[PDB]
Amino acid sequence: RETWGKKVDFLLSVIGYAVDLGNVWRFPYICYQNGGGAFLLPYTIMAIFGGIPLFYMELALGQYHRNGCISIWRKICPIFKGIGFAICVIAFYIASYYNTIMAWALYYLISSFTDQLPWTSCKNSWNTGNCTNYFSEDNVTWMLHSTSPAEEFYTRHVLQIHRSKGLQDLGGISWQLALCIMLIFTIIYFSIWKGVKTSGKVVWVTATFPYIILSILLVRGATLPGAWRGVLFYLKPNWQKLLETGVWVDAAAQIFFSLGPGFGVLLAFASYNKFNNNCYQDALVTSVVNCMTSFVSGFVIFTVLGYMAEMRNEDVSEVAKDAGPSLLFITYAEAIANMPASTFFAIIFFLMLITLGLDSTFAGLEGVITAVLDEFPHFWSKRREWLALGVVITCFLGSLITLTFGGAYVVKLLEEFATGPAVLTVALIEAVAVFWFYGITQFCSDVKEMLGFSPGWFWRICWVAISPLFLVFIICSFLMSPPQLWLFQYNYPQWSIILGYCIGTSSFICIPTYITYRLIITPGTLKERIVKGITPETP
Amino acid sequence: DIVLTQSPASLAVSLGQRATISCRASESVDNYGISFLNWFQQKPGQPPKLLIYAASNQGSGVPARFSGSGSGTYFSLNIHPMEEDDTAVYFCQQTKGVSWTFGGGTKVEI
Amino acid sequence: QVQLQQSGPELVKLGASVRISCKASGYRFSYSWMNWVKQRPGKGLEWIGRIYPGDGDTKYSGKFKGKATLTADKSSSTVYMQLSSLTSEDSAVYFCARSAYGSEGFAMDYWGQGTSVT
Ligand SMILES: CC(C)CCC[C@@H](C)[C@@H]1CC[C@H]2[C@@H]3CC=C4C[C@@H](OC(=O)CCC(=O)O)CC[C@]4(C)[C@@H]3CC[C@@]21C
Ligand SMILES: CC(C)CCC[C@@H](C)[C@H]1CC[C@H]2[C@@H]3CC=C4C[C@@H](OC(=O)CCC(=O)O)CC[C@]4(C)[C@H]3CC[C@]12C
Ligand SMILES: CCCCCCCCCCCCO[C@@H]1O[C@H](CO)[C@@H](O[C@H]2O[C@H](CO)[C@@H](O)[C@H](O)[C@H]2O)[C@H](O)[C@H]1O
Ligand SMILES: *[C@@H]1O[C@H](CO)[C@@H](O[C@@H]2O[C@H](CO)[C@@H](O)[C@H](O)[C@H]2NC(C)=O)[C@H](O)[C@H]1NC(C)=O
Ligand SMILES: CN[C@@H](C)Cc1ccccc1
Ligand SMILES: [Cl-]
Ligand code: NA
Ligand code: NA
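Chains as they are written, first to last, in the deposited numbering: chain A, 116 to 654; chain C, 21 to 130; chain B, 20 to 137.
Isolated chain A (complex conformation):
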């Protein structure tokens, strides 16, 4: 059992896992969607209620047992070991879609190495529609069918989505994006090549550069006209909207997927931690850092958005129509296009995006690798590197379908599914098992023998009452809202929302499958079957 080396490595790795590439285009826009300045109170309330306790429980479970994601159940509740396979499937889908998003970002960064950025102009071969969504103009030119030049660059030069008719017509493949994702996967494999020592040593670099970049972007966008209205609308409270349950659901889900429990990542990181390590300080510091980073990212994004909205001399909230990753690659592309320093800012921003994605990819792949390794102790001689290569190959195979010309549809599908009521359900089952079958008293005693002091009554009541109930409430709210995805001029058909449902279910189905397998593997009556299933086995 190898350790983290220096204590800073574990904290930096957890922080890098916390700072997701998704929240650098989601969090400010969705904050604007609900409340804005008044969204912070539900955000922090739901954080304290359900996100921090789940982070603490995952860190404590990972540290106490020194195991991965499939053997901690053997050490806790053997009947619920299918959570490991669910985590593996979730990590596979996440790696696929997240790495093709990385491929898009890397292609953008490569195209950003020119003195004149290619997305500023509309004279290119891929600019065939309209070019009326320009900036720094005084005339009145606006039609309902216009398209921004950056939108043309994104959807017709990098994505090349104009060559596909939707999810039913996935024709062609982008070789440039293929090479970009090949380089990205090679970097990921070389980072998780040997173990966690090199992973921490590279996280020392790829997790601190994003913070410097964010600081530079914030303090250079603050000196831009029109940012005042953007930051005001970001911090304009709307207490009337806070009455409905939708804002509460949104805040709880946002904090849950920003901290990100149930992915099997924190358990792997905490497994390499010493027994005498203090989980309380690390968990609190990481949660505070994640919240502050989200706030700073929202601040700088809204500063840029308000700057360009005042430049356009038009009303605000008419530019946030681009949701998901398109927000960055369109809005920020235009922003740095109009900025004095274009190449420098574009390269810096896309490098920061690459590092943000790199931290998450390293974290998830190392978590799944540790889960596989700990499940099979007889595979510890040389299976590390070969298993890393196999996982990278499997992720490449999964991203191959998303690598097509019209792959953006399946990317936006795998982004909105397998990241909804699937990780939430996995985390809910994890918490239920740990605090109902393993016993809250036993877990508290283990944490007391770990740190030296038992957690206060706040955790002891929250873990048992609020977090499972809040996760169940989130799942119930999400299941009652039908999904209607909408990409650029494409409405998803009925079969798309069924394929997404099947994809989301395929990961979750592992837990009931293993439940039935372990129930039927041993003969006997049902009652003592569930008796021995819950009770663990001594080493």
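What the hints contain is simulated information worked out from the structure, not anything from laboratory work. One should not assume that every hint holds.
Said to hold, decoys possible - Capping the alpha-carbon separation at 20 Å, the derived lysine-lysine pairs in PhoX-like fashion look like this: (1) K127/C with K62/B; (2) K62/B with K63/C; (3) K190/A with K312/A; (4) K78/B with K93/B; (5) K62/B with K69/C; (6) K351/A with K436/A; (7) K42/B with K82/B; (8) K84/B with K116/C; (9) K116/C with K63/C; (10) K116/C with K42/B; (11) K116/C with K62/B; (12) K497/A with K309/A; (13) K312/A with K121/A; (14) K63/C with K127/C; (15) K122/A with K312/A; (16) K316/A with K389/A; (17) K122/A with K436/A; (18) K647/A with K190/A; (19) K312/A with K497/A; (20) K82/B with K62/B; (21) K69/C with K42/B.
What the hints assert, rightly or not - The following label-pair restraints were derived from C-beta to C-beta distances: (22) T301/A with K63/C: 54 to 62 Å; (23) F228/A with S91/C: 27 to 35 Å; (24) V403/A with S91/C: 41 to 49 Å; (25) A35/B with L294/A: 47 to 55 Å; (26) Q599/A with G45/B: 40 to 48 Å; (27) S46/C with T256/A: 53 to 61 Å; (28) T256/A with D92/B: 43 to 51 Å; (29) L294/A with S48/C: 17 to 25 Å; (30) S46/C with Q101/B: 27 to 35 Å; (31) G45/B with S48/C: 29 to 37 Å; (32) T90/B with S48/C: 30 to 38 Å; (33) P64/C with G281/A: 47 to 55 Å; (34) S91/C with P28/B: 36 to 44 Å; (35) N428/A with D92/B: 22 to 30 Å.
To be verified - Looking from chain A toward chain B, a few residues come up when the C-beta cut is under 8 Å (computed): (36) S236; (37) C237; (38) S240; (39) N242; (40) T243.
Note that the Cβ used here is the ideal one computed from N, Cα and C, for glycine as well.
Keeping the supplied structure of chain A fixed, place chains C and B with the ligands upon it in accordance with the hints.
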């Protein structure tokens, strides 16, 4: 630079017959699913007139008899039924990255 | 209704210059390439270059880059194409056409009338 060769250099098609004009490029012209090749028509003493754009779509003032085809490296323009007012020197032009060039010119007679 | 107006015929002595205009109208002048075409008497078409009035960027085909200069005035919607050190080899008719958008293949849908430069 892409070099285009026109074959045949001179065509003699009787009235009512189908004409065949071939344009071969040095490299490929497809960039984003669109064939960056166009077909022109120049009568003596008259400016050139566009006939087919994107190698498959005809212009606004082009009759349906003019049909263009060809993707990748080989492109062909066929006129059927050919009439008397088609006695013009046809051209094929590429619109690739930097430098654009014309073909050689097919003198269709009769 | 797209109409392109070109300058009249001009005569240039051996060792002088010329300035050929092209007044486009009827469309978005800043959102379409302007391509010049050279045609010797009895020979085929020869591409001279292109210019984008929106950004002012210019592109060329071959050796014409060192001889032909392309300028565009947005206010007057006129495109200029200067020739330096004209000789007998350039006694041709220069056309001016406007290119189409991307998926149209930058088609030369609308042409001018040609100037018989001697
Ligand atoms: C402008 C804003 C957005 C900057 C971000 C705020 C900083 C507080 C961030 C948040 C996470 C911080 C990191 C969290 C962990 C510490 C450990 C520290 O190492 C130690 O010496 C103490 C560690 C130990 O002994 O446990 C070095 C700085 C470092 C890496 C970092 C300091 C600066 C970081 C990146
Ligand atoms: C951007 C501005 C306007 C919002 C305010 C930011 C901070 C002042 C808030 C945001 C999140 C709050 C934190 C959310 C998590 C809790 C865990 C809590 O842990 C405990 O000690 C309770 C456990 C116990 O002892 O029973 C300590 C305070 C803390 C860090 C909070 C401290 C104050 C924080 C950092
Ligand atoms: C209990 C076992 C479950 C097995 C798997 C079931 C999967 C069911 C199919 C997917 C269900 C819908 O999937 C989920 O839909 C919700 C809304 O409904 C989407 O949620 C979206 O809108 C909501 C508002 O309603 C926002 O708060 C949220 O941020 C946004 O992503 C999720 O992004 C998607 O993950
Ligand atoms: C601006 O964009 C709109 C759509 O966003 C274009 O309108 C469509 O163009 C396609 C091109 O062949 C036609 O098939 C559609 O019928 C058009 N839609 C409608 C409602 O007419 C428009 O052409 C673009 N403007 C340009 C290219 O100048
Ligand atoms: C905090 N970001 C995670 C919720 C998303 C993730 C998980 C695993 C791997 C990559 C990315
Ligand atoms: Cl967030
Ligand atoms: Na996050
Ligand atoms: Na990161």
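**Report entry** Which numbered hints fail
**Finding:** Violated hints (numbers, rising): 3, 7, 9, 10, 11, 17, 24, 27, 28; every other hint is consistent with the structure.
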